[PDB]
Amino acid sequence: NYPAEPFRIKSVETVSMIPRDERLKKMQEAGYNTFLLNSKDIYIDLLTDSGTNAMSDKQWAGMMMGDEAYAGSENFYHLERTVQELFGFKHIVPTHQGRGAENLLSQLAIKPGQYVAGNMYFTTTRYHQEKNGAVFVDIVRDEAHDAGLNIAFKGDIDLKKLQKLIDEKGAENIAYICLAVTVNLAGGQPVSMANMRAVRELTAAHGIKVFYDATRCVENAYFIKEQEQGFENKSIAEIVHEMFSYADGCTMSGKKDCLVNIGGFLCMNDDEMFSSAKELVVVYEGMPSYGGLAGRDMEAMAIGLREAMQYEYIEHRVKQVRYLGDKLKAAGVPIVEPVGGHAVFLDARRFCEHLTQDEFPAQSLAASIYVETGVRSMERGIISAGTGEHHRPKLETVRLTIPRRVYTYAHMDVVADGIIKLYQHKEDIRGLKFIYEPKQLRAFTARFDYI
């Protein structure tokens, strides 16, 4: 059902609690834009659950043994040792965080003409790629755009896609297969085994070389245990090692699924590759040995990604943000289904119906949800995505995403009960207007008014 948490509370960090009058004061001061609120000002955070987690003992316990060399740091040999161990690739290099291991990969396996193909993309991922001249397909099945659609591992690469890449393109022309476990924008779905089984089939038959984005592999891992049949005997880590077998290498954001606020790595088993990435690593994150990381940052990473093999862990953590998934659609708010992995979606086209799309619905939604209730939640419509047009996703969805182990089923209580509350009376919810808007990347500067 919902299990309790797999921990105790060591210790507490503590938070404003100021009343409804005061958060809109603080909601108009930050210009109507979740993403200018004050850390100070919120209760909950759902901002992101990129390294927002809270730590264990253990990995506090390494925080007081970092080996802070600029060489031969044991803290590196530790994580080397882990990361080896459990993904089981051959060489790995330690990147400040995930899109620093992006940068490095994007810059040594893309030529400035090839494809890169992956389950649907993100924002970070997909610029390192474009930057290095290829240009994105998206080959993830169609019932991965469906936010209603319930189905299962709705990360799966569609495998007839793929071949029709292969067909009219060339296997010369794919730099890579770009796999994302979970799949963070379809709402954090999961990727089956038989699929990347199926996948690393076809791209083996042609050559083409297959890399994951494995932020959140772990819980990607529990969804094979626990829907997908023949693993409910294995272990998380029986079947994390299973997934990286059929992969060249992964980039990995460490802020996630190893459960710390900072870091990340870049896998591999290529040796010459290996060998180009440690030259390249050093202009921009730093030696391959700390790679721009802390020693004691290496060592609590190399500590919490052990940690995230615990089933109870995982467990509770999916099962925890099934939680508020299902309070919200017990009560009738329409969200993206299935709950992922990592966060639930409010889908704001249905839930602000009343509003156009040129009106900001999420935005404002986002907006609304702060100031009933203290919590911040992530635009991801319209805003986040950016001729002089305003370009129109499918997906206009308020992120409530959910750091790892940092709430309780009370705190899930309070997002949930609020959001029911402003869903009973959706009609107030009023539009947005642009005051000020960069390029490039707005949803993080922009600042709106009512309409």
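Residue numbers count along the first chain shown, from 1. For clarity, a rigid core is taken as the largest C-alpha set superposing within 1.5 Å between two forms. What changes on going to the form deposited in another entry:
- With the core held fixed between these two forms, residue 437 has its Cα displaced by at least 2 Å.
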Second form
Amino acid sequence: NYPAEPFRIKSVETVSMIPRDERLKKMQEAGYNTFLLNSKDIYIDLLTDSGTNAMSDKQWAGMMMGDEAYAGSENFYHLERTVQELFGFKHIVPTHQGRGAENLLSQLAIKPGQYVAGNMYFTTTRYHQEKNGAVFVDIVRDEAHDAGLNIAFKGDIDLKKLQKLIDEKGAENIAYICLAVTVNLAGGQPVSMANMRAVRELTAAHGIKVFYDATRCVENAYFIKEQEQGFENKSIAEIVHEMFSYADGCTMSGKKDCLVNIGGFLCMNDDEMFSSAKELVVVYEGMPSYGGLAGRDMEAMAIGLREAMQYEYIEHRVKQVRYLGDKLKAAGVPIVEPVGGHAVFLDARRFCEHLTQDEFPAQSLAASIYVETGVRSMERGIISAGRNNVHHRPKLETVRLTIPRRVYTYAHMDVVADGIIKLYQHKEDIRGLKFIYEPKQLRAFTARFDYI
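Next block, the form deposited in another entry, ref. the form deposited in one PDB entry:
Since only the chain itself is given, any partners or molecules it might have are not part of what comes next.
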């Protein structure tokens, strides 16, 4: 139900236990924005599960055996062999993180004017696709956009929508299908193996390429083992390996399910695309033999990816997130359902019914959570889409409580839960927010605000 941590604590990280009065002053000095908070001031930093993971003793042992050679590093050979064994792809190009691989793939597989369709989008992924002249098309099923709808495998691609795109646009105008596992924006929702089969069957009949966003593929593999009939007696590794058998390649942000603080890579089976990838990695990331990573980090990511295949680790990872979601739902706090693999998303619509989507209820809710609890959370509603004078209104207005892997305990989840439950009582005190500075691209990171 809620298993204990399948590991011991080897080393602890020093945190600051500042009281509520000083936390309020830290939030005021930050203009009531979580993205502008200082790490030294935050008790529980649930901003993102990206690169915030706690490594293992075996990974740190590999950190001591960094082969920092420019070419022919043993660390690269270990990572390349590991990814080939576990993902089954023919070739791998290391990158410094996921958006590095996305830059490479979007320049290699996109013709200007073609379409790229996927199960929702991500900020960096959609940018590099549109940067390279592609038009994004959301082919996730409509249910994935309903926060409260609790159905399994919400990340599945609607085959009818995919068939409609091929009929109206033609397979020649479709660069590739971008299948993300899991689907971050929908709440960390998984994709079923049956859906990955069906997408592969339909795309191959039209010669359409399929590239995965493998960023949280191990979490996705756990949901298959838990909820998809027929996979209950299959290991996580067997599920991961079969998942990528239905893809032509993948981009991976190791900073997620590879249990590292930096790292990523690009996979493909096509020899010619791999040749062009090595040409492009040099000018952006580095040599194909390190790709913008130190040897020690290629070693840590190779070891981390193998550690993620342990059933007990990934079961505890997901169920710890589920514990936080279950305790909030039991108290009546509105959340995105079902709980995803990496985060609990607070529904800012129902949390702030009095506020409209112009008043930015999610950002002021996240800013209110830290002031009252000392926990940082990420606004993942409207400001991620931005400001539009010619706003780019999304249906999901959420506040993301993102859990780094192997960093926090259930008692930490209780502090998060108990503090948010108390904020839910007087949810009317949450004010509105408006832009005062707007980046032309990816605005939620550097945007400043003021109360309405």
